[PDB]
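Engineer: Listed below are the residues making up each chain.
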Amino acid sequence: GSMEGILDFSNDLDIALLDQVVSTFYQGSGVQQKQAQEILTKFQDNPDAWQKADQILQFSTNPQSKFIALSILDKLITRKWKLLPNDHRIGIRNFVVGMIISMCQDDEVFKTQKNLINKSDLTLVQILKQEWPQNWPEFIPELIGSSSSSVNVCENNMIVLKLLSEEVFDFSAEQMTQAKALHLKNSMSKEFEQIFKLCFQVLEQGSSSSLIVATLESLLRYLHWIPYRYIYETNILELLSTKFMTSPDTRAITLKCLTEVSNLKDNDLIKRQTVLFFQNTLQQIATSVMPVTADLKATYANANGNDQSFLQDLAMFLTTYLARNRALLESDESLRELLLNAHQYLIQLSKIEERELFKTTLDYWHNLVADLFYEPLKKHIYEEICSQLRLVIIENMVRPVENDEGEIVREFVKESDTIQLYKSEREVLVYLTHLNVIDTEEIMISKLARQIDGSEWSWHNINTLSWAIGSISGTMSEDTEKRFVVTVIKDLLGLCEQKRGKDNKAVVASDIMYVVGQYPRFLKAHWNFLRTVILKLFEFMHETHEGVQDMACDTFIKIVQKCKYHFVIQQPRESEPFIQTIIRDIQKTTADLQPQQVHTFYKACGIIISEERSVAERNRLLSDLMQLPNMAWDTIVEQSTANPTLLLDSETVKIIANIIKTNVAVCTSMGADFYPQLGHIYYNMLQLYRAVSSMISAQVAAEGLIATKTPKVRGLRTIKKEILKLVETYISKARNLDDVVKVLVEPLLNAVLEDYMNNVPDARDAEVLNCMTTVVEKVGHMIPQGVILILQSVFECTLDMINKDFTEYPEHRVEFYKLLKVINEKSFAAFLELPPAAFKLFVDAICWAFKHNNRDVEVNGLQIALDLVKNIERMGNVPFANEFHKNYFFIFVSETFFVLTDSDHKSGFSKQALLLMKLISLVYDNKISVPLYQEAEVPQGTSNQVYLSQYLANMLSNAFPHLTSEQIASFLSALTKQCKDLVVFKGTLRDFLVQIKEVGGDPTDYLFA
Amino acid sequence: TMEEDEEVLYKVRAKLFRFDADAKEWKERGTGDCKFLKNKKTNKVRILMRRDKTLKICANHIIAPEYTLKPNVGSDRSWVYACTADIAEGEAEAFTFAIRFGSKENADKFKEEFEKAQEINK
Amino acid sequence: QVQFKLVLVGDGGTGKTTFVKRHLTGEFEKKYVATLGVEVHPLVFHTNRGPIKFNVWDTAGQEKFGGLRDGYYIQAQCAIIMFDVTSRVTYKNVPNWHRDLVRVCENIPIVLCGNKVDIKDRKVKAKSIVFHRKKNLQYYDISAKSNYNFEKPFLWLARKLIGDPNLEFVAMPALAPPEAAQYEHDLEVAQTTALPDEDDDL
Ligand SMILES: Nc1nc2c(ncn2[C@@H]2O[C@H](COP(=O)(O)OP(=O)(O)NP(=O)(O)O)[C@@H](O)[C@H]2O)c(=O)[nH]1
Ligand SMILES: O=C(CCn1cnc(-c2cc(C(F)(F)F)cc(C(F)(F)F)c2)n1)NNc1cnccn1
Ligand SMILES: [Mg+2]
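Chains as they are written, first to last, in PDB author numbering: chain C, -1 to 263, 267 to 376, 414 to 438, 444 to 1052; chain B, 78 to 199; chain A, 8 to 186, 194 to 216.
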């Protein structure tokens, strides 16, 4: 194409052609824009493209071209500056400086090319980071002197100083070594008194709003680090809190400045000034922006100009200041109006419809009410504030997860993003209720009366109120709670008998279910009312009401989890414990529920049955509960034990899956008590597992791999997965491990291991690995031969599935390493039994796990390696440990170094560093007995410490050839010395990661500790 | 919206796919309400389906009597069919569509409504 | 034509390209193919204030694929900063992306999006996400996979850009649509290629 000419560096660069490609990229579209993009990236990436920057910045007509030139210079400065000849350094400096000067002396350029000037200032700052102050000592004095010669230069010097402060104090921790960060911070600190001089004189003297704003922007950055005397021993707080609050151009940045001052680090004069700038600021808001009565909800909703950002900034200022300093306002009676006016602005801000802003104000309210909860003599100050806050929160209650109806009185997806907000609203409302329980009840009862006989009936008026009522349960002591709940329930019962229609009924039913579900203490004390509630929920399980029926199931188990005892005992005036009544009607009660809801129902019944601690009576209840699935099970194992074709009935596959899902549900809540029911099905269940597995393999054989996607095979695999889930669930909660090992484990391994091993990869269930992990976790120490068999059947074939890329078979990947981790933890002997070839695959698999970006694999891999190193160390000076070190010590050292340095595994830095520190410390504690080198390689008697340093120096020399030998030797000397202090060790590694990104890093940096 | 002179014969929540023959894989085109719309003037019944929350059209074509609903190997709650003139994204283009529903019963209901609409269009 | 340049930035693998593709075609791309520099896609929404077109500059998050880097931000009129709530490092890097963006674009509406909330094992807890507050960014939990809140960043940006807080997405006009050799082959291949995610609700 025509545009690729600029990629040929043998010819002079045609600046006009560059400008066309740039304009094609920015203002063009489609194919030409994409072509130009690729050309420009290739141009930028050319390692000598910087040599053409002066020509572009001199002769170009396109500021985007000049921007791109400056980006090219930035990469050179940041990565290769110290490789350049000194004349090229001086030339680049003088050239960047002079370009900035000329843009600032041209009023027209200064006003129109802000983008290019800002990029130039940042480029200069990159030079400063390399050159200042050691090779530019006069930069700050000259900057200050040149500032008084031109308003434009002065304003731009404020941008440069702002950028320098950010680069030195805000963004240095990850971009510079510890030593270079300290150098530049100390350097700015040593000259800030001069900098502050110019900044204060501009603010007190200046009238150019653009210069003032830029000076204030730079001040915002300074406030992150400067000594407090510059803020309190000058007149600057008065300027910020009066003058610069009156003009809207400076108000935004000034407010942000004052927020940071509310964070600077016994002096009664200092307290007076902290009170004073707050008083000034609030006075300016009231007179210049809006009074405390103003409707900020409406103002925010209108979103004129920068009103939304200003209100956000005001909330941040008020919350920040008051959380730190409101005590200064609380004792002096002359400050009471200021304290309450500031909190009244916060009340008004809390009415804005803006979720993220509400969270910000809610965080403050939590801070306040938790202090009023404990601090003597404080809550009375805020009574009227807290009373208004009760109204705000009760009226902005969000949906409490358990409420499953919405919008058109229908169901949906979960409102994942409201979970934390509800919890935060509950927390504050609970505190507010403790602060004044009379006020809270009076508010709630009154809202409720105006839902029934009132002008306020609506959804979200009943809703947000019902949710608030449920959310405060536990705040009242038991007797007050008793009277309150009786009142609420009668009135909710009033609303539901009179509001008719699909929509009304669904709304009120959900609200009642939420409230009663939130007051189990009330239910425990009034058995007769608890019974009526449970029976009502059973009614709702037959509701055609989408939403209501699902919520009744959730509410049933939510109540049972808290009130289970009152179902297991025999209540006065009852013929039987109520668990008996539920079980006897379970077919009718659940007849119209969906299978997953049926399983929830059975799970709740299991919660109740486990309350019965008489073992004879508990087992009879379990047998009664499982009567329907067991009879279905007995019939289906009778039928399908002669016609493995009937097992191809989809209806039969669904029935079997649902039977096992039911057992899974009851086992989840009964745990170790489930064992008698498990034993009833165990043998036939594992026979069925084998039969189903034969069918799957036969289908794959007859139809191809595609068969695994068909509904039939997915249904058959669901049976296998649920059987595995049932066994895993029981064994994870089992209390009698002897029965687990002697009854369950051998038939399980016979049933599942060879089927996994002998299936094609696409037919292997990752749930086998998950089951085996729990088996090893619980009883692995008692089945050493069984752990070996597990490894033999799943290790090599699963590794071959997952060792070609990082993406395929993601579940097998995750379960594979959890299994290896627990085996390495619990039954390390199993790995000692491996043949050497297989143990080599084990090490390969661990290092493979390292290289995953998948946190679910990386973390276990790093942990396995650490545990393995420890496992080997525990063996002592024995042949296997000696051979391990000779074979794999340097493999683990280099593989760990590789993921530490490749910039693609930063999420594992801490555990990579831990593993590397453990490895190095092994050698510098002489915990390795044999030489790590070959007999030829180095003199006899060479310590492993000397050889390790030698090995690492060689490794880093070839892997990072742009480092000097002294950088590498200084790095290793520091790293080795620090192999007992993880935090210092880690800082040295971070220093290294900075240094490998550039040329000419100072080797003395590694002396920082 | 250009749907005011049309009667809603049938509505069901669905997920629509389009087959990328070059990449040999199904790609989602939209999730939302699939509606069968009968034009009061012409008595012609079209499928019109819009995405939730953006309300963008992801299906807009006549339920032609020549179309045949066919099963997909992976699902008992989906239908595949060739459509020769869909205008969801501008000019009429041919697609191989798959549409999946929340349950087999919804899929079977969709099929009989689809066939009834074909008889109306005749 | 009313069109606005939007830059999308964030760590590699946060779902920037998947999010845009979802809005472009409705598809969900399961593979991770890293963006090389930037890809520009026009994206139109219909509103009660007329169509609004975003020119979406979907930039690369991998440093080795970063291309022109902040050169992409020149003359952006809005932005989305993306992170992955299952990867703490990607939230840790949000201030760096924001830093580089506002140095070029000093006064633009910006949305912060925490993607992939569909994943059960969430690592960046809701209570931890506060960076947007002092910076006046809008924040949303989103999932390109489940479409949770997926329309919210564009609805908020359109409201700020048109200057209308009451702007709403509206349903496109639906024109009346028009009234066998390669087809039996393609249909066969399509019937025998399984639909993805057969365990989803739809
Ligand atoms: N579970 C889930 N995965 C998602 C989601 N969004 C994107 N992904 C997945 O994350 C991976 C990364 O996709 P991609 O869009 O390329 O991210 P990116 O930010 O563009 N990466 P880069 O900046 O290097 O181009 C993909 O495999 C994608 O399927 C999501 O919302 N949920
Ligand atoms: O009669 C009602 C009253 C409305 N109503 C809604 N919800 C309720 C309600 C809900 C629960 C629940 F447990 F589900 F939270 C418990 C209780 C009670 F307090 F009675 F124990 C009542 N009642 N409804 N049903 C019918 C049936 N035929 C005609 C009209 N209405
Ligand atoms: Mg991408």
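By construction, these hints were calculated from the structure, which means they are not laboratory data. Watch out, some of these pointers could steer you wrong.
Below, in silico cross-link-like pairs of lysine to any residue (SDA-like), each with a Cα-Cα straight-line distance of 25 Å or less [to be verified]:
| no. | chain 1 | residue 1 | chain 2 | residue 2 |
| --- | --- | --- | --- | --- |
| 1 | A | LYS152 | C | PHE1051 |
| 2 | C | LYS970 | C | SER946 |
| 3 | B | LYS101 | A | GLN8 |
Here are some of the chain A residues that sit facing chain C, going by a computed Cβ distance under 7 Å [said to hold, decoys possible]:
| no. | residue |
| --- | --- |
| 4 | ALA41 |
| 5 | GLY73 |
| 6 | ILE81 |
| 7 | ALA83 |
| 8 | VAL96 |
| 9 | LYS99 |
| 10 | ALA133 |
| 11 | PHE138 |
| 12 | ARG140 |
| 13 | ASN143 |
| 14 | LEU168 |
| 15 | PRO172 |
| 16 | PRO210 |
| 17 | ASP211 |
Example chain C residues on the side facing chain A (calculated, C-beta under 7 Å, incomplete) [what the hints assert, rightly or not]:
| no. | residue |
| --- | --- |
| 18 | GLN62 |
| 19 | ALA171 |
| 20 | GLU458 |
| 21 | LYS949 |
| 22 | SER953 |
| 23 | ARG1033 |
Cβ atoms here follow ideal geometry from the backbone N, Cα and C, with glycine treated the same way.
Engineer: Can you confirm whether the C-alpha distance between C/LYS970 and C/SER946 stays at or below 25 Å?
Structural biologist: 31 Å, violated
Engineer: Next item in the hint list is A/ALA83. Is there a CB on chain C closer than 7 Å to its CB?
Structural biologist: 11 Å, violated
Engineer: Once the shortest beta carbon distance from A/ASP211 to chain C is found, is it less than 7 Å?
Structural biologist: 11 Å, violated
Engineer: Should the interface hint for A/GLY73 be scored as holding, given a Cβ-Cβ cut-off of 7 Å against chain C?
Structural biologist: For A/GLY73, the interface hint is violated, since the closest Cβ of chain C sits about 9 Å away, which is over 7 Å.
Engineer: Hint C/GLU458 vs chain A: min CB-CB distance below 7 Å?
Structural biologist: 9 Å, violated
Engineer: So, as I understand it, the hint says A/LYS99 touches chain C; can you test that by seeing if any CB pair is closer than 7 Å?
Structural biologist: 9 Å, violated
Engineer: At a threshold of 7 Å, is the proposed contact between A/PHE138 and chain C supported by beta-carbon distances?
Structural biologist: Interface hint status for A/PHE138: violated (11 Å vs cutoff 7 Å).
Engineer: Keeping to a limit of 25 Å between CA atoms, is the pair of B/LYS101 and A/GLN8 held or broken?
Structural biologist: 37 Å, violated
Engineer: Once the shortest beta carbon distance from A/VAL96 to chain C is found, is it less than 7 Å?
Structural biologist: 5 Å, holds
Engineer: Using 7 Å as the Cβ threshold, decide whether A/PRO172 counts as touching chain C.
Structural biologist: Holds: closest Cβ of chain C sits about 4 Å from A/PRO172, inside 7 Å.
Engineer: Are A/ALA41 and chain C close enough, Cβ to Cβ, to be under 7 Å, as the hint says?
Structural biologist: 11 Å, violated
Engineer: Taking the closest Cβ pair, is A/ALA133 under 7 Å from chain C?
Structural biologist: Given a least distance of 4 Å, the restraint on A/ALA133 holds.
Checked against the numbered hints given earlier, this structure breaks hints 1, 2, 3, 4, 5, 7, 9, 11, 14, 16, 17, 19, 20, 22, 23; the rest are met.
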